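Enquirer: Listed here are the chains, written in short residue letters.
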Amino acid sequence: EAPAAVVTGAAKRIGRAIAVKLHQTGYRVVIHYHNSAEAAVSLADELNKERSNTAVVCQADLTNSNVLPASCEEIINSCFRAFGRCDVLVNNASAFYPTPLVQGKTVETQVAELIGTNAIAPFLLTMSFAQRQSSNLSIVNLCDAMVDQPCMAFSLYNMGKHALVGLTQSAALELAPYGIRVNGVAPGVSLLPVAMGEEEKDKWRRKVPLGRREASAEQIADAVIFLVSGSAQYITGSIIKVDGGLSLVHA
Amino acid sequence: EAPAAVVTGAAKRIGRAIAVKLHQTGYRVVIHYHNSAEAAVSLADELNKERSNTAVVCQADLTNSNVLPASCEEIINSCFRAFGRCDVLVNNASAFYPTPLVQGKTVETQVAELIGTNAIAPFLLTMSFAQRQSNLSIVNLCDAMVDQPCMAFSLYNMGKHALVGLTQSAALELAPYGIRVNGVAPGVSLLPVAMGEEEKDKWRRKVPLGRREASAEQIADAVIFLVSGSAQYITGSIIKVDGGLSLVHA
Amino acid sequence: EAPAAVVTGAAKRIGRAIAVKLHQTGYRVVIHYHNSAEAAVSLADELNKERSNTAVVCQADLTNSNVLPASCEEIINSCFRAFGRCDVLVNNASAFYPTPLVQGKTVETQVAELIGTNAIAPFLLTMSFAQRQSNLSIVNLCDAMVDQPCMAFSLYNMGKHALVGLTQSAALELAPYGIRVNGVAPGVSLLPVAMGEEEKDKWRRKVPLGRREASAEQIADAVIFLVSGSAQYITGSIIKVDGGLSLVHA
Amino acid sequence: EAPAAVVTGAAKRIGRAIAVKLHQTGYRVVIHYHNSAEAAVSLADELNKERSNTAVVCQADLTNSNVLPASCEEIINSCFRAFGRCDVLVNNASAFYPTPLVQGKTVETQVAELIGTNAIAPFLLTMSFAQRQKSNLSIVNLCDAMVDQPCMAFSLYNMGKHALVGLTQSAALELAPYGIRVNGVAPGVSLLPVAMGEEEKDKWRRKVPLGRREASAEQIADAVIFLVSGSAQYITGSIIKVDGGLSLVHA
Ligand SMILES: NC(=O)c1ccc[n+]([C@@H]2O[C@H](COP(=O)([O-])OP(=O)(O)OC[C@H]3O[C@@H](n4cnc5c(N)ncnc54)[C@H](OP(=O)(O)O)[C@@H]3O)[C@@H](O)[C@H]2O)c1
Ligand SMILES: NC(=O)c1ccc[n+]([C@@H]2O[C@H](COP(=O)([O-])OP(=O)(O)OC[C@H]3O[C@@H](n4cnc5c(N)ncnc54)[C@H](OP(=O)(O)O)[C@@H]3O)[C@@H](O)[C@H]2O)c1
Ligand SMILES: NC(=O)c1ccc[n+]([C@@H]2O[C@H](COP(=O)([O-])OP(=O)(O)OC[C@H]3O[C@@H](n4cnc5c(N)ncnc54)[C@H](OP(=O)(O)O)[C@@H]3O)[C@@H](O)[C@H]2O)c1
Ligand SMILES: NC(=O)c1ccc[n+]([C@@H]2O[C@H](COP(=O)([O-])OP(=O)(O)OC[C@H]3O[C@@H](n4cnc5c(N)ncnc54)[C@H](OP(=O)(O)O)[C@@H]3O)[C@@H](O)[C@H]2O)c1
Ligand SMILES: Nc1nc2[nH]c(-c3ccccc3)c(CCc3ccccc3)c2c(=O)[nH]1
Ligand SMILES: Nc1nc2[nH]c(-c3ccccc3)c(CCc3ccccc3)c2c(=O)[nH]1
Ligand SMILES: Nc1nc2[nH]c(-c3ccccc3)c(CCc3ccccc3)c2c(=O)[nH]1
Ligand SMILES: Nc1nc2[nH]c(-c3ccccc3)c(CCc3ccccc3)c2c(=O)[nH]1
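In order, the protein sequence lines correspond to chains A, B, C and D. Under UniProt numbering, the residues of the first sequence are numbered 2 to 104, 113 to 142, 151 to 268, in order. Under UniProt numbering, the residues of the second sequence are numbered 2 to 104, 113 to 142, 152 to 268, in order. Under UniProt numbering, the residues of the third sequence are numbered 2 to 104, 113 to 142, 152 to 268, in order. Under UniProt numbering, the residues of the fourth sequence are numbered 2 to 104, 113 to 143, 152 to 268, in order.
With the rest of the complex left out, here is chain A:
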């Protein structure tokens, strides 16, 4: 039988490209989404046209709350339900906006979204994934290459990403005896936010030493595919920058 993978925030952009490649590689996928129902479904439609009954969707808010644990257990159950197994978890879903330290959402809501999506939900999905277990089990967390050169006023986001590094390493250590590997892919700039101004996107583009451009989503997905593959079987607790050298560049 073919392995199955969960990819969070998989309706669009990097998470979409990750789902697609895992699928092209032979996985069945659970495409998780929060708000993008329509996009999640048309992706599943497209993958199930290629290969019948190989893609399902799964809706969940990953904001931290009293139900998040249940929600995350249900994401992992959906995969077990659809496909009878869960081999791979990609923690890609992420909320992202500025939370300036010095003066909309209340601060406690910002904590819940930024820390819940970037770190608490990953921890709870990891728990549920491991609890439910020639197989090749792994987890890939979508990290941040620039996490030690944080953006101005993005302190909660940055806290969540740093937490996610902690989880990556802690979970690699603790789940090694189960044969579950835990790694990370850390983009620098890849697809820039649809919202982001065009001059603002070019500013970032021009700082990238390898080609003065952003990574494609597919280039990010390549690292993921490597990490879940049989050729990464001794690798756990490793976070691979896919940043074109951006992190190396001084102010």
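No lab work stands behind these hints: they were computed from the structure. From the three backbone atoms N, C-alpha and C, an ideal C-beta is built for every residue, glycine too. Mixed in with the good hints, there may be bad ones.
Here are the simulated distance ranges between beta carbons [said to hold, decoys possible]:
#1 D:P99 - C:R141: 17 to 25 Å
#2 A:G113 - C:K218: 57 to 65 Å
#3 A:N67 - D:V103: 58 to 66 Å
#4 D:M169 - C:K218: 41 to 49 Å
#5 B:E2 - D:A212: 40 to 48 Å
#6 B:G214 - A:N67: 30 to 38 Å
#7 C:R141 - D:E47: 47 to 55 Å
Sample of chain C residues lacking proximity to chain D, with all beta carbon distances greater than 10 Å (derived) [to be verified]:
#8 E2
#9 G85
#10 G196
With the hints as your guide, set chains B, C and D with the ligands onto chain A.
Expert: Showing chains B, C and D with the ligands alone in chain A's frame:
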């Protein structure tokens, strides 16, 4: 007029040592505490016997909740109420216990406490400190072993990682205000009251420099360095006080 | 036409596995070696029996000296002489042995060998490589345990640390020329011939993932990924291949 | 009676400021120097005017060669000849200039100067220091906050400073049983070349979060003083950035 410091979890152990040392250097101090009220007031008494009207206590749960932001603001407000200023904030309070990934409290509670004390409360207290504004600085009690995590401590460890993020993020954003943010990262220091001597000795034996844990004073010494005029250009630095522990391989 | 790679210290162990895999992937290979002459020609025989005119050997001492820059230029010149091009450089050769800080090679020789092989030759090889210039990249064999040094291996460790800086500096400088520079950082892979069986086991039992060292093939897999088209945006990255070993506190 | 320190490259700029403050703290000093005899001597004169017979000067090229280990043994020995003891070693001397990868010093000379001064001499000085011990003994190495965001075309310099981090950690571990601590100070930008145009100096100053300026040599010296003091007695293997947050600033 004397500067003022807030030290969280200051009723005993390392936080008491940081407040004692801050007091000896001439700070007025707020001794924040959660459950250890007797130890808190007993300390504020010793300190006020030494110079009167220079220590107050302040009780607060720093578990994450929707009122944690108010609570952290009230902590900063307590320092201005007592002393008319707030120059230093030391984030020392921390919950710690195992949270195994494969299986007491609910997990929602473990999240709230481990992440809230180690990370969210430090962020809120930082916002509050900065919003209320010399030599202004913040010092976070980090973990020298943060990149070699203890088995089954993932939520604690996530919290100490996030506290690194904050140290770095806040140092960048608060620089324009002349507010420095740095950290102090013990290895093993005072071991927990729960721990038996045999398990303490197991950790002691791992330390290259002397095969013993840091004294609480030794941690406080580095905090005192970082708040001083001698570290005026230092911000975003996290100083290990670990006697070489983090350098030792498995 | 087929791309070509130079692999240093490729006659045995990890470097051999890398040469083999690069060769299986479609590459022509320069097999560099120092002393291991028989195993080197033996490997090119195998390779060339599989695909004629796709491997050549190239002998060089990579100890630091005033002629190293010439020896390194010759290694790259040899790749061009044999194959008309040089797409990939792998810096794998390395000397390793204790150099205690406190009391039959002289210390000037220990410096030249350990820093030579592990750092200066890589630098010189990278200069010569870039000077002669498609998916062009370089891979350095680094050490996952580098921030957790082995006792009395300061010179070796210094070499590996330097190789980190080289990886990163060269990534930065060569990016405009389309040349990527990355690392693979084993923990414990095939353990030395001369290592006792008790001390091998001792390292094996430390590894979380599977309680065993990596196979050379496992290391090579990560090299293969980094030179491949699935890594076209990766530069300046160092990928640990250590089964979690570096995550384990003392 | 009074403890003794060796400071390499102590005739000007940072090393001088370090030697002055150690002296002000009550150390006797060996002022090592390469070409700057006149500043070295003039400092030793200023210092011996404060306290008779508490400063000596000691010339040596710290370029890697066959003689470098003797020279480094000689620098240590001279502190013992002058003061009867050697309590503190500061590795401050450093060559610094571009060594581009692609196109009158030859490259073997560049290697010898940049690697010798920034790494190899520090190592040899450490072993001579330790050999002679076998009281608060420690070693402070002058590192670089920016070592992971290197300046373009300084690979040999950068490689030396990276090697110097490894030595700081390696020596800390190996010499801990002798009660010798080994730590670093890692400036970001400090005293800038007086020759450099102010306009160019300002581009660097403007990047520094804290104060938009470079560190004084005295500010670097303060961290060195902390690290050799009785208030750092459990500290070893640590590298204190003194950088005004410069290393936290993305491109
Ligand atoms: N783009 C980059 O340059 C970049 C750089 C560094 C790191 N990364 C990391 O790489 C990953 C992918 O980046 P990206 O730009 O593709 O992500 P993105 O478009 O910002 O977000 C991806 C998905 O996250 C989901 N999400 C947001 N809040 C959520 C919530 N509360 N609950 C559940 N899902 C939620 C959204 O799903 P719905 O649309 O279904 O609501 C969204 O489509 C992220 O983890 C990001 O931090 C990206
Ligand atoms: N000790 C070590 O070896 C070690 C090692 C690495 C890092 N560190 C760090 O150094 C710092 C000091 O360590 P320590 O051993 O002195 O700490 P500790 O004794 O475990 O805790 C310090 C205080 O934190 C407070 N705290 C706990 N839960 C709280 C909550 N929900 N709300 C508010 N406050 C709460 C407690 O207050 P009450 O007593 O008033 O209830 C406690 O006295 C910590 O941040 C620690 O993580 C210590
Ligand atoms: N094995 C591990 O557990 C491990 C762990 C961490 C990092 N690594 C790194 O992985 C790489 C490969 O490791 P390995 O165990 O396969 O290496 P190894 O067998 O110890 O050394 C590889 C080759 O380097 C060459 N070499 C040694 N001194 C030389 C000199 N002066 N000039 C030129 N070549 C010289 C030798 O060539 P001849 O036989 O031709 O003389 C040797 O065969 C090395 O960079 C190593 O540092 C290995
Ligand atoms: N300045 C900064 O912004 C900065 C930034 C990062 C790190 N650092 C580090 O901080 C330390 C002090 O910096 P600095 O700017 O004060 O250094 P500097 O002025 O560039 O150099 C200090 C001294 O090093 C000595 N030196 C150079 N080559 C030598 C050789 N071959 N043999 C023996 N001695 C030699 C020189 O002695 P003579 O004058 O006697 O010839 C020179 O005065 C250095 O280690 C540096 O890398 C500085
Ligand atoms: N979920 C999510 N996470 C993101 N992280 C980043 C990022 C973070 C730090 C530096 C650069 C890019 C980005 C790219 C956009 C960006 C650009 C500049 C600063 C912060 C973020 C991103 C995103 O679009 N979605
Ligand atoms: N709030 C608080 N935090 C602590 N962190 C540590 C610690 C953590 C990781 C490695 C070494 C010591 C300690 C020392 C005890 C300890 C040891 C191992 C895991 C968790 C805690 C500690 C503590 O007593 N209180
Ligand atoms: N050229 C080369 N480099 C090596 N590095 C290591 C290594 C280094 C640090 C920790 C563990 C293994 C090893 C594994 C054997 C070893 C173990 C401990 C110290 C130095 C070497 C190794 C090797 O066999 N050849
Ligand atoms: N021996 C020695 N080592 C040095 N390292 C640095 C440095 C290196 C990397 C980033 C910033 C400054 C410097 C200062 C280099 C510099 C000079 C002018 C503007 C910005 C940086 C330095 C030096 O002057 N002497």
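Enquirer: Taking the hints in turn, state whether each one holds.
Expert: Verification of the supplied hints:
1. D:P99 - C:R141: 17 to 25 Å: 21 Å, holds
2. A:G113 - C:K218: 57 to 65 Å: 60 Å, holds
3. A:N67 - D:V103: 58 to 66 Å: 59 Å Cβ-Cβ, so the 58 to 66 Å window holds.
4. D:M169 - C:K218: 41 to 49 Å: 43 Å, holds
5. B:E2 - D:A212: 40 to 48 Å: Given about 45 Å between the Cβ atoms, the range holds.
6. B:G214 - A:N67: 30 to 38 Å: Given a distance of about 36 Å, which is inside 30 to 38 Å, the answer is holds.
7. C:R141 - D:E47: 47 to 55 Å: Given a distance of about 54 Å, which is inside 47 to 55 Å, the answer is holds.
8. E2: Correct as stated: the minimum Cβ-Cβ distance to chain D is 24 Å, above 10 Å.
9. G85: 20 Å, holds
10. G196: 12 Å, holds
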